[PDB]
Structures are given as structure tokens and as C-alpha cells.
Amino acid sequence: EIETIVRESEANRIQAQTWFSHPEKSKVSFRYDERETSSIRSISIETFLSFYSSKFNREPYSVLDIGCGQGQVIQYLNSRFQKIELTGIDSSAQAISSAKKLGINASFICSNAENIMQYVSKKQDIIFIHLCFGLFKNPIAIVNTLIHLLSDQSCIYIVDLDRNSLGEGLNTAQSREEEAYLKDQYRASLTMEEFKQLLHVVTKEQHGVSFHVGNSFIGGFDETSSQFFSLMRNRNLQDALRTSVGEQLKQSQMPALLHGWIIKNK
């Protein structure tokens, strides 16, 4: 039962979340995240944009960003599109105040993502959950709720740490505080096996809604898959991958992440 696995790892997830809700700890997590995770942001975004265009033959009308932090993902989208409805939600008041100060045409909500349907009624073409799934107290509840908000042509794209990657994941820590941070983050994470079970359970009773999970770099799609072939044809995704020397090497050295899709096609 995936429910019990999720309930029994709840304390770990609460602990991981202290790194985003405590004043001193938040300084450590921000510094690490900006240094080590910023370059993957554009890759993950262009992956879902390439997927959407390939699958549905139009650009999305709306992106909902779950755990949006200081609004960096929404800023990126704002620079790529003008006529996209952008929404971000984060339970950190400090993060949301920072996002609002950007002065972007976007809606920012300060609340547990569990409460999203109080703030968004129009169905969403893309729901993005980037590098934060393992922080949620009630991840299955959040996903079930998000599925209600999916448009007839839509996807949830989830990218997160794999618990089995802890050992390799510690390599990028540069201080004892960062080491402690990463240990807590990986301990709260799911494994590939657990993540697959979760996405199966939340989609199996939902008509026209499917899932895919993988640990391959580009959306978890194997390099021999038809999906990978289609994604890699997209010049915007190519451009995002064509980054600095140091960031390409960082991306090469990174442990494999979990990549999950919940896809609705009515």
C-alpha cells in the first residue's frame, strides 16, 4: 500500500520542510538550490513545453507552478511567453513576497498547495511540481486535487530527488550545513519504485489520464523512445541544453532524478 509508505515517511518529509520554514536553515537551502539546481530549471521547463507542443499541437494557455519559491520559474515563463496565464503557490510568506516584488503579470498565492482549488478554478494545461514533491505532508492528497484541475489536454510534470541517490547526492555539499540539508532532503524522498506505485494509484481510476515515470535526464524518457525523439526535435529544449561548460559538466555529474508525468487527453 502506497498510502502506508507515504504515511510512514511523513516525519521525514516534515523534517525536510524545516529547511524552508526556519530562518537560518532557509539561508542554507537557498544558497545550495541557487548554486546547484538553477541550471536544471530551464531544462525541466523546456521539457514540459516541448512535450505539450508535440502532444497537443499548440502552446499551453496556462501554467500552474506548485511550490513556486521566489518565482524564478514563472519569471522564465514570462520571458518566453506573454499570453500565458501564470499562477504560483508556495507556503512560504517570504518566498511569495519576493515573487510578488518581481512585478510580473502572474498570480502568487501563499498557502499549502493542498488548498489550491480555493484559488484556481479554470482548468490548467500544465501543472509543474519541480524539486519539491518530497516536502509535502500529504503528497497523494495534493496530486488527487491537482488532477481535478487538469484541462482536457494537459499534464502534471514532477521532477524530484530519488532517495536511492543520497550517496552521490552528497558530493555537491560544500559545508556541514549543506550536508545536513541534503541528508534530510534525500531521506524525505521517494524511490523510483515508490513513485511509480504512487502515479499508478492516482491515475488508474481516472479515465483518459495516464502516467509515465523514468530516471533518464530528459523527462525520464529513454533515449530510444519515440517520446525522446519528439522532445529532442524542439529547438527551445536544444537551446536550454546548450549552456555553459561548467553547467553541462555539473549536469553530467548529477545523480539521476525522478521524472513523472500525469497526462490527460480527453
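Throughout, rigid core stands for the largest set of C-alpha atoms superposing within 1.5 Å between the two forms. Positions refer to the first chain, counted from 1. Shifts are known only where both forms have a C-alpha. Compared with the form deposited in another entry:
Comparing the forms between the two forms on their rigid core, the Cα displacement of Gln251 reaches 2 Å or more. When the two forms are overlaid on the core, consecutive residue runs of 3+ whose CA positions all differ by 2 Å or more between the two forms map to 244-246, 248-253.
Mind giving me the form deposited in another entry, seeing as the form deposited in one PDB entry was just shown?
The text that comes after this line covers the one chain and nothing more.
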């Protein structure tokens, strides 16, 4: 039962979040994230851009980046499009300070993402939740809120750790502190089993809203999917994929990620 599952794992998520709110821990988390999670960024972004284009045959007018960190995703998107409404939200004041220093045409908000409605009213074409879902105290509540911010043609794209991938995660750790960090992060994560239930519950009563979940490398779409084929026709995604090859080991040696889509098409 997903509501119960989420409630009972709340303490784990609180503990994982200390790695972003406590001064000493935050140094460990930033260093690890920069070194080991930067490579996927381009892939994840080009995946949602290709999805959007394949689904609605236009570029998104707006992107909202949840847990935007130091603004790296927004920076990438800003260099990509001539005109796009970019908004990033993160509860770390240091992170938002860093994002604002980039001097980019974007709105950066420092707040719990739970509070998004206090700052944003315009419906968003894409809401991106990259590598932060398991940090939310109330992840169902935040998703319900974000669904209300979706435009008539839109998606939430969530990429996050799968709890059972801890072992492969630990193989990328380069210190005892990093080991402790990942142990806490993976403990707070969902499994595919849980994540599917979560996506089902938040979408089932919502007219014109559907979901997709998967752990395959490319948006969680497996190689049999017609949506997958459409995604892969996109040159920008193809180029990001080709470029990435030299940074990675065999698939079985890398941590599997959860990929979830909440898709609105009214």
C-alpha cells in the first residue's frame, strides 16, 4: 500500500536530506554529485526534449526544474533554446546563490518545492525532477501539487535512484564519507515496484493524465516501444548518447535508475 509505504519510509528520506542541509555533509554530496552524476545530465535533458517533441510536435514553452541545484540544467536549457521560460527551485540557499551567479535569463527560487504555488502560477510544459525525488519528506503531496501546474500538453519527468542498486552505487564511492552518503541516499530511494504504484495512484483519477515507468537507460523506455523509436529519431538525443560512451562501464556494473513520466494531454 503506497501511502503506508511512503509514510513508513519518511525517516529515511529525512536522513538522506541531511546530506544537503548539513554543512559538512553538503561538501561530500556536492563533490560526489559533480563527479559521478554530471554525465547523465545531457542524456536526461535530451530525453525529455525528444519526448516532448515526439509527443506534441513543438518545443516546450516552459520548463520548471525541481531541486535545480546550482542551475546546471537550466544553464544547459538556456544555451539550447533562443526563447524558453525557465524556472528552477531548490531549498538550498547556497545552491540558489550559485545558480543566480550564472547571470542567466531564468527565475531561481529558494524554497521547499512543496511551496511551488506560492511562486509560480503559469502552467508548465515540462516539470523535471532529476536525482532528488527520494529527498522529499512528502513525495506524493509534491507530485499531486505539480500535476496541478501541468499545462494541457505536458509531462513531469522523474529520474532517481532505485534502492536495490546500492551495490553498484558503492562501487563509485571514493571515500568512507561518500560510502555513508550513498548508503543513506539509496536507503531513502524507492524501488521500481513502489514507484510504479506511486505513479498509478497519482494519475488514475486524473482525466487525460497517464504514466510510464521503467529502468532502461533511455527514459525507461525499452527497445520494443514505438515511443522509444520516436525518441531515438531525434538527432540531439542521438548525439548526447554517442558522446557519453567513454564515461561508462558495462550496463550490469552501473546503478539502475528509475524513470517515471506523468503525461498530460487534455
